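Shown next as structure tokens: one chain only, the form deposited in one PDB entry.
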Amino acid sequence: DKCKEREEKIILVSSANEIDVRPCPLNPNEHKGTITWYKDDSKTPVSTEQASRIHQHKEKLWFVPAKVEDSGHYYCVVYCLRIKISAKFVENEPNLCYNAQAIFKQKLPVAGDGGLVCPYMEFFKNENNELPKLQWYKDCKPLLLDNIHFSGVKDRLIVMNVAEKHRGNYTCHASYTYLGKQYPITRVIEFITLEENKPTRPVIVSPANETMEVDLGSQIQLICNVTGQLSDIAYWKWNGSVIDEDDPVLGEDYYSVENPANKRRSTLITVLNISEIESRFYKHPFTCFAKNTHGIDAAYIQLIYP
């Protein structure tokens, strides 16, 4: 009936001389049965004997510990599925406690409390379901987890009051027991900080609470010009309602331009198209709103008869 074949696109780079585990990567959906593992192009399954350096246990593939020479492809055969998996094992760079190829990039905005996370710790839990305690380093120098500047909880490091100087390469170290023997585990994370997501209000440049004489039955467009961030929103209302999108006579077009000079003083232009001036439009103002998480500005144009 023919085995299906998939080739996995994530290549996970791990440390030589560290324990590692790989699960066969099905989506829930493509589960269901006996999972055998094979090395390279063998059609003879891996060792099931946990004493052996590379072996199958609980349908996972274990390197105890891994070696650079293990780098290569492996198959897990889960009707049939057979997935080619490629893995890479790398020595630390000289005089370093990690290898840049194993870096997981992570990022937090400045000025908050935020977390780094030591990845792929899932499978190192001890019954009753706890992770071994992690030690954390930045550029290969120990961090004090004093719950004032840093905290270590489970797989996370809480960096308190994230600032620019926190940038650097962080390692998380654990020691895991497997068959009564202890094995080291590290992951490395390149920590990048982003500019302060900083609380300001949009400025409505135009309209500016003014009247405008217009002829009944004719057509006009009104421009709402807002100085702000690209992320702010600028939109029109009339008589307490957003401009309905199936409205047969009112329509909005939204345009924007990034200010290279100052990302915080970009422009939004929302054009309201009044395809026919109806007599009702003379009773209430058209109000442009400019909105983001910290506040609202509003300014209007009131149509009047000439």
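Residue numbers count along the first chain shown, from 1. Shifts are known only where both forms have a C-alpha. Take the two forms, superpose them, and find the largest set of C-alpha atoms that agree within 1.5 Å; that set is the rigid core. What changes on going to the form deposited in another entry:
- The rigid segments shift between these two forms, and of the options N197, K105, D41, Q182 the one at their hinge is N197.
- Between-form comparison between these two forms treats the chain as two rigid units and finds the smaller unit turned 23° relative to the larger, from C-alpha superpositions.
- Identified as moving between these two forms on the superposed core is the stretch 196 to 306 alone, made of at least three consecutive residues whose Cα atoms shift by 2 Å or more.
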Given for the second form:
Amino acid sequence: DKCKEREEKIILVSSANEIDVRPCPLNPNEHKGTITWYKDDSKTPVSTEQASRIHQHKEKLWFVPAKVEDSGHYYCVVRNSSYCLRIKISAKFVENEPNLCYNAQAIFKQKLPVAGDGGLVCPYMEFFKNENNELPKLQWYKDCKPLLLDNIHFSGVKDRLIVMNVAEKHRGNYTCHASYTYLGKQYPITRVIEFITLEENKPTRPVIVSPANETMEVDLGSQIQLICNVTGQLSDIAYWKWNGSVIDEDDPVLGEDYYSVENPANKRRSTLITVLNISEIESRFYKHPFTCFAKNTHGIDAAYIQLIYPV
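Mind sharing the form deposited in another entry? What's above is the form deposited in one PDB entry.
Chain alone follows, minus partners and molecules.
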């Protein structure tokens, strides 16, 4: 066919007995032609008369109201004098589980780190804005019981629920409810959101436990190994530097090796070792200290060893 054809991986699950809207999932670069919807088979177009339940309006598929028997495939075609693309979407309509104000299959997972103030957003309400560009007044619930939006503990602003001082006690399945007036009639809207609290984990920085800005009596013409012992994530960068320069492979006297050991109790505190093998002590080595650097996104850490002649 003279049309690109594409299938959407994302399957949106909606609630039955409620109004629902489905837009044609096209990237900005695919909005040149008019969109036209079709049902299970790419030849049968969806009704255009707003009076019927499943009908197309404003280039979107409307289920006024949606019913379980509507679960299936639909197609939206973007055609133009010299372009045509057909997307195969998948819609599924469920019903609230026994004595529950929602169905698990429609849960959107939303998380926030504790201690601070955060917000949950009632998904896909954008389609239901009145002609004056306002989203309908939402009423929030937590685990099917009403939620007091006292502007002190919870604040309902537009399409989001601002939660003051997130804590474990806020975990639960919230449901945002709304009522959209379509062609005189009024239909309900609900989205179930599972709120998960994240424990604020510390941004650990690499710690050099050895060397510790010390000196070492070494004889001329001998061979030594300078070991750098760092504690941190295995992903941390630990390396040696001499006179503000890094050890290059082309150095016939200075060769370094790297080896780390994972901590079986806490991966955040594993050991990273960087050994500097000095084949032979040269005069220049006593002129400047060997510095070991450890770093990551958070910060860097430095420690050195200053070689000295034995007294």
